[PDB]
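Q: What follows is each chain in one-letter form.
There are 2 protein chains.
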Amino acid sequence: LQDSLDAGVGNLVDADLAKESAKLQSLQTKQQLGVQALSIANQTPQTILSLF
Amino acid sequence: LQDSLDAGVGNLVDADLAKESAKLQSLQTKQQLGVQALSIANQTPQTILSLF
Numbered sequence: 220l221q222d223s224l225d226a227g228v229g230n231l232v233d234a235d236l237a238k239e240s241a242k243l244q245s246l247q248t249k250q251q252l253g254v255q256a257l258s259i260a261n262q263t264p265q266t267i268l269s270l271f
Numbered sequence: 220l221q222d223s224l225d226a227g228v229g230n231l232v233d234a235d236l237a238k239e240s241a242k243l244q245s246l247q248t249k250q251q252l253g254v255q256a257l258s259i260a261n262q263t264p265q266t267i268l269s270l271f
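Protein chains in written order, with the deposited numbering: chain i, 220 to 271; chain j, 220 to 271.
Isolated chain i, as found in the complex:
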């Protein structure tokens, strides 16, 4: 019964790490893509300076 209760605790709280590896690599790509998009959005306003 104690082994069953420990297995139930593990079923209740434990994460599935094998899916987390793919989620981690995808988020690591997404964060750099977001940094690049933010850099381009920062660059965008300054083109007005060429008009003067």
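No lab work stands behind these hints: they were computed from the structure. A hint or two may mislead.
Partial list, derived from the structure: chain j residues whose beta carbon lies under 8 Å from chain i [claimed, not checked]:
| hint | residue |
| --- | --- |
| 1 | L236 |
| 2 | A237 |
| 3 | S240 |
Using N, Cα and C, we set each Cβ at its ideal position, and we do this for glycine too.
Mind docking chain j on chain i? Use the hints.
A: Just chain j now, kept in the frame of chain i:
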């Protein structure tokens, strides 16, 4: 919400400078033409001296 309020203040007060460049160049040309027209208007009266 703070970002939305900042965007609304910018929508309210901010100028569109890309039109301002054209307005500035046209206003400079208009100022030069106005100085020329004022110069001719100053010159006009003094032709009376040829009659005497």
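Q: May I ask which of the numbered hints given earlier this structure violates, with the numbers listed in increasing order?
A: none
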